[PDB]
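In the block that follows, a single chain appears as structure tokens, in the form deposited without ligand KIB.
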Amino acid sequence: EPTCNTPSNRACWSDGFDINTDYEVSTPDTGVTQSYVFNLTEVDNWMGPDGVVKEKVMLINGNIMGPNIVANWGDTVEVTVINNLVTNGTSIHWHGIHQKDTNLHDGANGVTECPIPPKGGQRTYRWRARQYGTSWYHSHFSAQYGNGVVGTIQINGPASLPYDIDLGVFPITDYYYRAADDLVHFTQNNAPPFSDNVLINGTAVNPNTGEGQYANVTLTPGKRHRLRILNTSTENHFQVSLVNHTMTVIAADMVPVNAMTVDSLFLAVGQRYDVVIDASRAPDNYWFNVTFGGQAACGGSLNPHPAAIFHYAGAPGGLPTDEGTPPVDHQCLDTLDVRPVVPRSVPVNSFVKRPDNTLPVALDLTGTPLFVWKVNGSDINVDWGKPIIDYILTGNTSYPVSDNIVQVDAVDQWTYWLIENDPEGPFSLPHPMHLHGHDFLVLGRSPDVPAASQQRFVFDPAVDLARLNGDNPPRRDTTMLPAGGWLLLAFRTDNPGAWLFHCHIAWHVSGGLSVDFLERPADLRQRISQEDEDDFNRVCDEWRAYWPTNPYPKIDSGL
């Protein structure tokens, strides 16, 4: 609950809590709990926002997206998920939420829990809002979120720039007429398709029929508006821009950054940007454009011009008349110019490439299916019926190869990870790398070159050590692994648990592109509460009893 957060002073929140407070170690004791109930239903022949009827969707509370989770910094968010799907299990992951000492609430099936069984199965997630900003939630049951088990999270807190109006969430996502499981099967043997449409705040116009509506945002003239842009896609990576307006970035993912004014922004899958838009221009209707760069290396749409309308209050209605100029090609790369308000400093001169800190991503075309993504020689494949947490609770350390366990025993120390993007492979694609449970520091990446150029880079200490930044580098939960290159990340081992580190392109994580950071396993067992242990076991017993009756097999990694 705020006491000093005003339009002119957004830096202030409450006594002892402001924009400069280290949120990772200090949290407000509000004593408030915001509760929600997620009823997942399976709807056939559902009328979508662009007029096209989809074969099957999986919705939360009968809507395209679940409810917008709204709470204050320090509150506890509680969500009861009731799975009323016909066959599918489910697990809701709270993307961007660190789950500090609450690993069993991460929603990663086959890792932190067993899937919640269908036909009425339930589980109540409970997590502390130790970070303020814009995040999202989604199913981690294969590519199930591609069917509609998605939604947004807005944890209110201070900001790095004053603003008058909080316009709230603005989720932008790719939209396919085909269901997630059919698309997983397709992408296993074929190149990923372009999206049928791109929804902005749950709506879009059909490029063929003209049906549906554009997202309409009403701007109040002369005011500063906070817009929370999210990319909730399964594959599409977006470039966003507003005609005749600049966007001032105040947050990258769920991390507050110093004000950074730009003309356009690149949002990888899972990325978020809180921007401040000043309604400083002439009263008119302006196009908010969703474009693609990187020469289709990180997505495209069958809708050539996905857009939303930004209407100034008091101005006339109708469609905007200025098409604008195309934004700069971001080349499937997010900006490394963002600088977090609360700083972090790490040495980069001491980094040495070793097998134990290197994660080689590779596309294996030799097996069945054709598109199998391997990290350090193995495509991830979890056991929905026997999660990593079960191994921890039973004292079993014989983790199967397919779980891609990367055990990190270091206590509260900075660990360095070099991710290589199939340098010696036939072709390489950009990958939006996401980490559960932590925000990582983006120390550096291979030279920014055209995404479709097929130019390869292997980490060379002689020229690359000088290119790394350890003086308050970008801190976030998702960043781009350049096509054919490399990426150097670092995260402090302050959160014992089993944490997935994967590409957020649904087709790739389904295909096996992931590792599981088993962080401080010895400390994790001590921190698991009896309530969390009993409930984990309850859901697992219910899932294991359900599984043999399921008429469909597990066709992918399960993530």
Contents of the next structure:
2 protein chains.
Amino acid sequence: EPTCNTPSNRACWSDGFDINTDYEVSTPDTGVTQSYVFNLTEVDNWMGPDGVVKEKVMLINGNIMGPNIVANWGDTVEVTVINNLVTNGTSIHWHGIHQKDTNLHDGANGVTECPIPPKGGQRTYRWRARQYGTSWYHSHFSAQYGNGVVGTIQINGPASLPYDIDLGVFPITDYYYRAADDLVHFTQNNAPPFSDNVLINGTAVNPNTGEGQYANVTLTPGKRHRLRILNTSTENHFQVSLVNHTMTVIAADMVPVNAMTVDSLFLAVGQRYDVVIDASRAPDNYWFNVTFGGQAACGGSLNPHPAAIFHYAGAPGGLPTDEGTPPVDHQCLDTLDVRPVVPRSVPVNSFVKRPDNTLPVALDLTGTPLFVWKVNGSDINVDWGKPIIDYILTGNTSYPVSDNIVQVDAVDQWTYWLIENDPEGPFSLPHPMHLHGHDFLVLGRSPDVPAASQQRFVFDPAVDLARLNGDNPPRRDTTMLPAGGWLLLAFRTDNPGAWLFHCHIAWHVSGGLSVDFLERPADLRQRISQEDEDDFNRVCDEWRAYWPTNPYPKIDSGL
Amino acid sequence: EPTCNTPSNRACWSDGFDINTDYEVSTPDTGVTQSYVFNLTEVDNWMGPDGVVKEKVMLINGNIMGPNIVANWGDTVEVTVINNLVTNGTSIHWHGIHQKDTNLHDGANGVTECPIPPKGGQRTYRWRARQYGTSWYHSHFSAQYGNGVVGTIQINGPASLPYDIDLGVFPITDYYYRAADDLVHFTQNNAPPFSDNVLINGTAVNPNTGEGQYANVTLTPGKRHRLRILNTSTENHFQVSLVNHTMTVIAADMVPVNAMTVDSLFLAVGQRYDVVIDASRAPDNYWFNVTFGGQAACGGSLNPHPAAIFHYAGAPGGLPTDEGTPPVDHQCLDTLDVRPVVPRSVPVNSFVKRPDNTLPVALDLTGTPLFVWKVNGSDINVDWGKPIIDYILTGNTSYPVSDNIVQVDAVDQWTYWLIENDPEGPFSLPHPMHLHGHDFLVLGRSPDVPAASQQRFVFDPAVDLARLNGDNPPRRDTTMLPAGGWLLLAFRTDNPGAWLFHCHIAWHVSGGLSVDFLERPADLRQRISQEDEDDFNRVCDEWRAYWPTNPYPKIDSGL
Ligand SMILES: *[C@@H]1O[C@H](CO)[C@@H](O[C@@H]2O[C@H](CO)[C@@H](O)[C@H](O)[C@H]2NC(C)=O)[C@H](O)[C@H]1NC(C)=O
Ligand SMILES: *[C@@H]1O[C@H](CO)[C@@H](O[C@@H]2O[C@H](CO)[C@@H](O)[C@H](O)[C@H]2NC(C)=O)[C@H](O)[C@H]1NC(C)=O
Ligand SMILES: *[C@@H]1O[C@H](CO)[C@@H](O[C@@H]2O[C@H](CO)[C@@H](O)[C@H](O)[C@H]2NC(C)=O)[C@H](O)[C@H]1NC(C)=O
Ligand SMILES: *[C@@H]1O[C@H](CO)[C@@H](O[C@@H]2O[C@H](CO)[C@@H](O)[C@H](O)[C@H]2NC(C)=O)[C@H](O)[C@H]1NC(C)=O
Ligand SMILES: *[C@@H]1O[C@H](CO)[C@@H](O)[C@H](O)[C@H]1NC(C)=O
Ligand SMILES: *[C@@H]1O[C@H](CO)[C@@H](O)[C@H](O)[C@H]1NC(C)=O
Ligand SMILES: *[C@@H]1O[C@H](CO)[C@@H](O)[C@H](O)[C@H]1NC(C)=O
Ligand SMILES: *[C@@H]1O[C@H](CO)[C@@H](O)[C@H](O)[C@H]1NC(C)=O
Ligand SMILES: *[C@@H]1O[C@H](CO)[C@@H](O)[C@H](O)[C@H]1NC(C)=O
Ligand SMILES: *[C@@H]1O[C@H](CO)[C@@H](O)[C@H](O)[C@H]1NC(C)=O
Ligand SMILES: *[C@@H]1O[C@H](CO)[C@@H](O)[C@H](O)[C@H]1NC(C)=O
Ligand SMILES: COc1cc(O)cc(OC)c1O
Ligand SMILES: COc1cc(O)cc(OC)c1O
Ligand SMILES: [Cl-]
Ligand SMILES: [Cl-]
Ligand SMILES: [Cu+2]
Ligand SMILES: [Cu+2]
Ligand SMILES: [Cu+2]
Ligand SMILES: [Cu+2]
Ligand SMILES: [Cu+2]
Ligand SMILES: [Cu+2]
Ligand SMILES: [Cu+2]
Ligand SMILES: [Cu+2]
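Condition change, the form deposited without ligand KIB to the form solved in complex with ligand KIB:
Then the entire complex follows, led off by the chain already shown.
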């Protein structure tokens, strides 16, 4: 609960708690729990928001996304997930949510937990709100969030700007007619398709039948407005802009940033950015355009102009008439100009490339299926019925090779990670790289160049040390790995558990694009409570019980 | 020679020849032969126009391009080609030059001749210029033209518009510091690289050092000028545009067309557009920009802004100052609005797909190397030491698979060809499809989408007969095959010959992307002259004899 957060002062929140408070080491005690249930059901022949009937959808409480969770900073959020799907396991991952000492509530099935069984299994997740900002939650069961298992989190708190109205979440998703497993088998041997449409907060028009409707957001004239924009796509990466208006980014993912005003923004998959918009132009209807760039290397759509309408309150109705101007091609690259409100510094001199700090990504085309993704020479392939948490608990330390375990014992230390992008391969792609348990610092990346340019860059200290940023760099949970090049990441081992680090393109992690940071194993066995350990075996026993009866194979990594 | 061709009336040419004559059935008798020699040699460590030193080049008379051939409508062109390369054969193909019953001069090694042996090998081509306009010549000995065995052709004749100055040729080319064979070798297992630079009339600035010079054309203020723009690249497809000026296309490849005024034009490898430009703007310097569109699906260059300077005679020196606006994205597609001055009509109310009219193009990844191109189940591979003409002349009619033979017996009839671009494959790229011996009709294509939009079209009678056009359609020798799509074209069988039909990207034809039209083979043998026969046999003799002493392997189609 806030006591001094007001339109005129958003930086303050409670006594001793504000925009300057280091939220990773200090949280509010509110005593308040927001409770939620997620009841999942498979719908066949469902008539989607643009007119088109889909073969099958996977639906939370029978809507297009689940419940929009809202808690305040300091609260707890508890969610009982009941899986009334026909065949599918599930497991809800809370994206952006650090899980500080609650690794078991992470929802990375095969890693932190077995999936809840179909036809009625259930499980309560509970975690603390030690961050405030905009994130979201979705299935990590192979690519099922692409079927509909997904929604948003708003955990309210201080902002790095005053604003009058919080317009609330504005999520954006690529939207395909073919269901998520059809799409996985399809991308095992074939280039990912253009999305059939892009939904904006649930809705979009069919550029071919005219059915459906635009998102319609009403600005109070002369008021400033927080809008919380997200990319919930399985694959599209997006570029966004508001015709005749600037957007001032006040946070990226769930990390508040100094005010940074811009004409457009790239959001990858899993990215979010909260922004203020000042309704100070002429009363009217303005397009909100979704565009794309980086020469389709990070997706596009058969809808050639996905859009929403921003309508000033008092102005006539109907559609915008200024088409606007195209934004700068952002080239499948996020902006590294953002600067956290709450600093971090680490040194960006000393750097040595060695096998224990380096994650080489490589598309193997010489197997079956054609498109297989490998980190440090192995495609991930978790065991759904034998998560890493059952190894931890039963004391087994011989993790399979499939598991892609990257072991980190150092306690509370900064660790630097070189992620390499198939500099050697036949070709290289944009990958949206995202970390569970943690926000990383984006120390640096290989030169910014058009995405489809085939140029290949190997980290060199002679030239690349000079390019690193150790002084309050971007901190967030999702960033771009450059086409044919390299990302230099750093994270503080401040959270024992098994924490995935993967590309967030549903087809890519599906095909092998993951690691598993085993972060501080022995500490982790101790901080896992009896209620979690016990709930872990129940769900695991039932699943293992469920699994052999299931009429369909596992046909991908599990993630 | 012309007797009435003046700036005010370009349509006339001489007594009985004019812009309306059907140059495919009627030619001037001038009795004039224009003679040329091409003395080809290997130079190692050669400093290119942009200040950068290449490992190896193959040049014609010690320059970056060979003689600029020039002649009147009617004459003969007779070029002795003396091969003073170390290791490689050569065979100079005259591209856009139909070779009316001069098939053994077409310069397709493996098809119409053996390679001219290295170390003083020698052969003289003669063909009649029964077509005026702009085209070009280059090697066909695998990818050798990527090294410098290239140049251009201007057969003077009437035009579709009056103009005061012929600015003469302006060839545009991708420019790669690596040597052709290495590039071949590379693209066998890797996406093709963006060019290191683009040369315009033979020159470019290096955009990393500034060394070199811009191409620089003077305009006589107030005058109408004709520029004969060509795309001579191994790969890049280009978009061009003149800042603050229009261009009127008065010809396409060697087909004049009715005048068509545009803002910018797309040229695929091989293509040519003569245009008219009126220096009617303010006296100044303007950038002529080469840009790319179609989402790098057919091109890119690491020079961000290849440009030349169009300088108005009388205005001052220095660089153009108005940077201008990017042309439209032409999506890797040639324009089909173009109308030949001498029209052809065929029927388009009536088509049926069959094996015998259907070219299925296929990228095959299942083998060695990674990237093999297949048309109708087979990657072409010709035999430099037994050319299909040694078959026609030995009455041997048992052609290997490899040669990708297409027997068209019909005498002087329209034949229809459905070309399919891997609608089933893992992905599909545009291809510049080039027919030897003929100009084709472009009846049509799959409809026009973004080049990387992943869309797959199969020709459909129901839907696609209303998209065809038998009423004077673009006529030309190169046109685009759409990514995942199709193309329908036609030619008359008025030329007994063996005629390659292949994608002009050096890499893809090196890879297998060809067929061979064995056009009216019975007709062919009666028509080879004693001197053509014996000369073909001589060269074949010295090639077959040279070949066992060649130190490198053939690694590619041959072509
Ligand atoms: C989870 O959900 C769907 C249930 O429909 C499964 O997807 C189907 O897989 C079958 C068997 O491989 C295919 O033949 C169907 O085409 C798929 N249909 C759709 C609509 O995707 C998937 O197999 C399931 N995975 C598991 C292990 O339960
Ligand atoms: C914003 O979205 C709008 C509406 O979807 C886009 O407007 C379309 O513009 C195209 C492009 O010329 C027109 O042919 C359509 O008729 C427009 N739709 C409407 C309803 O006006 C708009 O172009 C987007 N603007 C930008 C920069 O992408
Ligand atoms: C054509 O000429 C070039 C002349 O060098 C040959 O190219 C070389 O090929 C060898 C053998 O694979 C390589 O080691 C060299 O690196 C190549 N040099 C360059 C710069 O490309 C090529 O083999 C010749 N081809 C034939 C068929 O004789
Ligand atoms: C056309 O070509 C010029 C040739 O390089 C490009 O213009 C710029 O080059 C100047 C040299 O004057 C540089 O300062 C700029 O960085 C380049 N222009 C920019 C930033 O766009 C030019 O852009 C090309 N323009 C067109 C018409 O698309
Ligand atoms: C899930 O929703 C269904 C409606 O389809 C309802 O019948 C059922 O009781 C719900 N499950 C639970 C335990 O909430
Ligand atoms: C959007 O909603 C507002 C407020 O209720 C209304 O003024 C307007 O009619 C709507 N316009 C659109 C985008 O269709
Ligand atoms: C990559 O695997 C190698 C070789 O097996 C191992 O020595 C190395 O430390 C691994 N690196 C990472 C980053 O896990
Ligand atoms: C070819 O050019 C060379 C120099 O490169 C010259 O020596 C030679 O005489 C010329 N050869 C012929 C046959 O024209
Ligand atoms: C082409 O370059 C040549 C030099 O070989 C020059 O004489 C000519 O005028 C150039 N063409 C144009 C259009 O500038
Ligand atoms: C281009 O040539 C013209 C005509 O000779 C001259 O006026 C102009 O200064 C030249 N410009 C450059 C940059 O070389
Ligand atoms: C394609 O191949 C088949 C042989 O399977 C043949 O029947 C057909 O004539 C071929 N099509 C063309 C145009 O070559
Ligand atoms: C733009 O995205 C892709 C293009 C491709 O060509 C292949 C892929 O996966 C194997 C891709 O993801
Ligand atoms: C843009 O052109 C290509 C892209 C690719 O990714 C592979 C290729 O194989 C030849 C290509 O030609
Ligand atoms: Cl996370
Ligand atoms: Cl030709
Ligand atoms: Cu996520
Ligand atoms: Cu996550
Ligand atoms: Cu990826
Ligand atoms: Cu994840
Ligand atoms: Cu050619
Ligand atoms: Cu040709
Ligand atoms: Cu091709
Ligand atoms: Cu050819």
